[PDB]
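Undergrad: We have chain F already, so just place chains E, B and A with the ligands on it with the hints.
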Amino acid sequence: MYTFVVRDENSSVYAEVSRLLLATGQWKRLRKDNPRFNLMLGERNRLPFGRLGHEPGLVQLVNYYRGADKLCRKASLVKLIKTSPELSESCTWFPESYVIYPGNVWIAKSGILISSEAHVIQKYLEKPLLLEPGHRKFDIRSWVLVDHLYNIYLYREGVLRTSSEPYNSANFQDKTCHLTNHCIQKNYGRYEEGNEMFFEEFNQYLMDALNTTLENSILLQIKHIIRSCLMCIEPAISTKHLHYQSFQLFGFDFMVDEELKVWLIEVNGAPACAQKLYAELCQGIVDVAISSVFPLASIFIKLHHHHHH
Amino acid sequence: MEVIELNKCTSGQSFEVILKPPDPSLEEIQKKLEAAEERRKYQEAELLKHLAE
Amino acid sequence: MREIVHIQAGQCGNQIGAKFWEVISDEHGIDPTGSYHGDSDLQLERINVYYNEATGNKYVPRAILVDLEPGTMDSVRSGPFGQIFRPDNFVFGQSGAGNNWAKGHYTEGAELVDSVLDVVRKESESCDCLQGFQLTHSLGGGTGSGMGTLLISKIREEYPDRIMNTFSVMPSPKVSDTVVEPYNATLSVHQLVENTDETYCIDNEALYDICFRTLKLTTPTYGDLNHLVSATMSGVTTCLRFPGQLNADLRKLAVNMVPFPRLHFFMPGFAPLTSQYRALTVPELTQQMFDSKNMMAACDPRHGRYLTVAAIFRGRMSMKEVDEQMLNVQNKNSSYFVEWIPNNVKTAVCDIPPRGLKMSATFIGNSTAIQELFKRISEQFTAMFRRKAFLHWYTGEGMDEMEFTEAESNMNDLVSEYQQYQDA
Amino acid sequence: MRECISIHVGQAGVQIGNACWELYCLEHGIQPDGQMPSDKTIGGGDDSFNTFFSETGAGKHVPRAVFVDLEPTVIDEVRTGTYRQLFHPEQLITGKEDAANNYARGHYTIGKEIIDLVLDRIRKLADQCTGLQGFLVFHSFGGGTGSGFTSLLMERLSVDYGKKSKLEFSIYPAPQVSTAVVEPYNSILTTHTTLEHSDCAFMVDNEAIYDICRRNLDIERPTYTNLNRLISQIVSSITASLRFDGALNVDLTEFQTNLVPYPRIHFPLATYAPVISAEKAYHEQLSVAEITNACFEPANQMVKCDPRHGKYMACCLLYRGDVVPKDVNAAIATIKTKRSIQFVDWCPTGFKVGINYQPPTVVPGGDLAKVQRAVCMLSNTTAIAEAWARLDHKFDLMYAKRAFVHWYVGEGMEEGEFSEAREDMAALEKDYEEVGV
Ligand SMILES: CC(C)(C)c1nc[nH]c1/C=c1\[nH]c(=O)/c(=C/c2cccc(C(=O)c3ccccc3)c2)[nH]c1=O
Ligand SMILES: Nc1nc2c(ncn2[C@@H]2O[C@H](COP(=O)(O)OP(=O)(O)OP(=O)(O)O)[C@@H](O)[C@H]2O)c(=O)[nH]1
Ligand SMILES: Nc1ncnc2c1ncn2[C@@H]1O[C@H](COP(=O)(O)OP(=O)(O)CP(=O)(O)O)[C@@H](O)[C@H]1O
Ligand SMILES: Nc1nc2c(ncn2[C@@H]2O[C@H](COP(=O)(O)OP(=O)(O)O)[C@@H](O)[C@H]2O)c(=O)[nH]1
Ligand SMILES: [Ca+2]
Ligand SMILES: [Ca+2]
Ligand SMILES: [Mg+2]
Ligand SMILES: [Mg+2]
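Chains as they are written, first to last, in the deposited numbering: chain F, 1 to 102, 144 to 151, 159 to 166, 180 to 247, 252 to 362, 373 to 384; chain E, 6 to 27, 44 to 74; chain B, 1 to 275, 280 to 428; chain A, 1 to 437.
Calculated directly from the structure, the hints in this document are not laboratory data.
Below, in silico cross-link-like pairs of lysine-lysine (DSS-like), each with a Cα-Cα straight-line distance of 30 angstroms or less:
(1) A/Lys430 - F/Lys305
(2) A/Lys336 - F/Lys288
(3) E/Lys25 - A/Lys336
(4) B/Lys350 - F/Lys32
(5) B/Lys154 - B/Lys122
(6) A/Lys112 - B/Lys154
(7) A/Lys112 - E/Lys62
(8) F/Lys82 - A/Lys338
(9) A/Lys326 - E/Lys13
(10) B/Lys350 - A/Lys96
(11) A/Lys401 - B/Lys350
(12) F/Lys79 - F/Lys326
(13) F/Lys79 - A/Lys336
(14) A/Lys401 - F/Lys32
(15) E/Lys62 - A/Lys96
(16) B/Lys379 - A/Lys401
(17) B/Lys336 - F/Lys28
(18) E/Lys25 - F/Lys82
(19) A/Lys311 - F/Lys79
(20) F/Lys32 - A/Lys430
(21) B/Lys350 - F/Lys28
(22) E/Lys25 - A/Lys311
(23) E/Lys70 - A/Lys112
(24) E/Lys25 - A/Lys338
(25) F/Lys79 - A/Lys338
(26) F/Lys74 - A/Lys336
(27) B/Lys324 - A/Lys280
(28) A/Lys401 - B/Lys336
(29) F/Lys28 - B/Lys297
(30) A/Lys124 - E/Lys52
Bound-form chain F, shown alone:
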């Protein structure tokens, strides 16, 4: 009988983990401020990492990596990339970005501005890959689970969060064709349900239209970016040898251009899953992150590469 606490009520992901844990008979939930927990499913802001790992006779685990915000806020992500030699200014998979405090097209963000006149100012991808029939933009979301040992587990199911409106070079003010978010769309669901193209269909399209695969044309670059990003920050956030342990689910957002090159847009620290995939992912978080640390009575692909030089 292991114990947990739940300090983020909004979290759609860890609501399902809370439910899946309870429905085994071996995880009892406690009150939000009870200190005698094995597992903390914690808040987004000001999670008290200083209080973890100081309760004698309790192995304590939390579902956030302290320091991982340096990958997840846009301002600090840009600064991490320009400052770490393992990524560098000459980083082939990150758009050219600059920090100024509150083809020559850019995008401003942290209210989104796409222009040449005018937070972070980032190079806009003027010629993206466009799905057909539709002539329309998309972004790819990959879910990545980093466990207590710093194994980097990529979930096999990602999703293309599609635009329904044809892409337009001259008309920038119309946001529905340039910005590919789920909320901004809700032609909402003309080509696929809820503007979501899953990996089986998108592989098939690449095969049919371009005579290639998702694995070769795109996913190899995604696996390279995820691994390069997380191994960069490993020394700053790793909980190996530490008095408490951390795991975390990340949401990596990608853009594939016309020549089949993948670009990193943003990393997300408290990501939500797509409706269909909750049951499988949230079970996967329990098996690999939680049950590995607290044993009871593969959907992921492990990112490891040791090239010698």
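TA: Just chains E, B and A with the ligands now, kept in the frame of chain F:
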């Protein structure tokens, strides 16, 4: 990485290495020790007054 | 702070009180005539806490024996360890108290109280550093209840800075001498709420049930009940009677057990309960001492929440295994331990075991579930008081109905106060 | 030279004093009776060890030590123990009745009846000094004496000796070896009242020492003897520059200059490597690189916290044994590129190194093995504020319900002193956040 101000001797040595540059009075204490003794003595009086009733 | 003064009042007080001096005198290697015949120096190292040293190297208990009739005090002097007590400390009246609080507190006991206090002063005088007073009595009779609480009030007047602890045996219809016990107990509880630092609520209901249900004794005597009481009195005095690197007196223990001044009524327990060959394992002691069935106050700890817990393990065992087991019950039943007193369960181990058990555990629980005890006595009270039944015995000795109404109100306030922190 | 008076208050202070003075005697070759053969100037001197020891005409070397406890039993063991001849009876001061884990009882009630005696016994030592530096104060945050009486002493020492420095060695409370439930109250109260009177304070969380003893010494259930012998190694490391020839941390003022730029933030983290079991049959000796690297592992720190998420205002490496400057620089060079060592903008990113060639001395029949080389890193990092956050949280939980408060008020203290003291701590936590984020 500059190794400055090296000083040596027979039992050891020391140096610096730079990787990169950039009260109340005796009155008030004796006063508030005694103010706590007033409250201590008033509380004891309230008890001995209660026990007298 | 080494010396404790012991006072035992009335029939019950002197009966369990005698059993205390029997058990600990064996534990310290003192024989029925007061002479030391032990072997370990640990038996004499803090012998001054409960014994004075006399000429010829005799040890004399720092004990005062109070009653309003001679019967029971004659029985103590005739009993096995009766000769060890200082004769001057036998202070007794003649007319008895007839199970009447008023007689004990206001008339008969008033006449005897000052001579008991002269003996208390006599013992307190020749005390290098007096840490406090301990008292044994019942709350259901007349002397131990009425006079014992009068003494407690007087002792507090003359020694207002010393710690006052009681073992207070609570009445129950299951083991009942007279119908007026709830009256006597209610009047006494109000005294204890005001004038003691710790009260160990020995409930005769619970002691009977342990003897009947869990010990298979069909017809339990007071000896069978008192056997369970003596094991617990030995248990709670272990950490003052011996070392082992624990630097605590009654005040220090009191400071750590009592978060609110009126809420100092503890729920004692003991493991194993006896009347054996296989020594218990540390997990068994731990689960038994936290089990409702082993509680000496007939309350269900699941009906309340623990403010603090203390537990004192006796015998040669692993301190690692103890820490682990104590942390196991806390971390697997954490709802019943208040989250607003961090680390409220504390533990000690003593190498010397008691006579007959290879290892034991005494449980001291300050739980809000003790309100059930006070609710039960309050219901028994009101059942009679609403018809003013049996009051003439008390109004005859000068008491007003007002004083009953007040005492009723003070005990229901105590109950409300416990209910407050059970929901906080 | 300039003299240093050590003051040991309460049980924790006294028993840690014992351990340190036992160790200091082995390090300087001073014996239980107090004779020091290697000392040739009989009856006096201005050697480095004389900062901690005075001398008599008969050749006795006597600690500049005062032991204070509100009850006799712990200091009684110093009067009858192996080092009984070492101390003059006037240095060992005891009351009859303790503070019962009550700050208010130690500060106000029982403090008042003994403070003037202690200051007098302190003045008897300060008058044997040609040039007093100041005071090393040893105590617990959790005890009533350790917390309560210490804060009163520290108030008075500022009045009577305003020109002098005051260093604390403070035992931060750990539930795993404490039977006191009210330590969060005592710790905040004494931290609040001692803060302006202490120039530099070294906190030692009993939790960390306890797990170092479990993990690295293979001790199943560590006693105070286990913990204290380890604590005194760390303390010796820290005080060695005051007792031996050298040029780093030569006086008490230099600890404040080197480690404490921002006066309120005067709690440096101590990290110590290597801790190795004497029962361990085969031990491969660790290098300058390996033990310097171990100074950035949380598992070797005196307080568990994460320096990575925080910023440094100062860092000092104190090595004992076979170490030379270039091995240290090579070790620091490797470590800068691997680990996350971020300094505050206004401070230089750098390390003050102190080496003493004498390897750590170990107490005979102790738990620690002899080692060729050891290090104690002293870093002023904002990460140590984690310990304040934990302590303040516990305080808030209890104090919200007024739990145990009546014991403090009953000894003369006012309820307002709780929230006043807690607000100082609230500001302290805020001061650490400004500096470190
Ligand atoms: C487990 C440990 C040591 C860490 C710990 N942590 C918190 N608490 C503890 C333990 C105790 N705490 C007490 O406050 C205590 C009070 C005590 C002691 C002796 C006697 C009588 C007493 O009323 C009496 C009266 C008449 C006849 C016989 C007995 C009370 N005993 C304990 O064993
Ligand atoms: N490291 C260490 N901690 C100790 C020692 N003795 C006590 N403690 C700790 O100190 C705290 C209790 O305070 P004490 O020093 O015993 O109390 P005191 O200062 O003697 O004051 P009172 O007993 O309240 O009069 C707890 O956190 C204990 O774990 C010791 O020898 N070493
Ligand atoms: N440099 C660029 N080139 C092309 N499109 C871009 C871009 N930067 C942002 N976008 C588009 O804007 C959309 C939203 O911007 P961005 O991903 O930076 O913030 P966001 O917060 O909306 C993602 P999430 O909420 O899923 O973490 C993306 O889906 C992407 O299609
Ligand atoms: N456990 C226990 N309870 C007793 C004993 N003697 C009496 N009682 C209880 O105490 C109450 C009677 O009080 P008693 O001590 O005889 O009266 P007193 O002599 O006038 O103080 C009743 O509730 C009895 O159940 C005893 O030896 N053991
Ligand atoms: Ca008469
Ligand atoms: Ca000399
Ligand atoms: Mg009777
Ligand atoms: Mg003490």
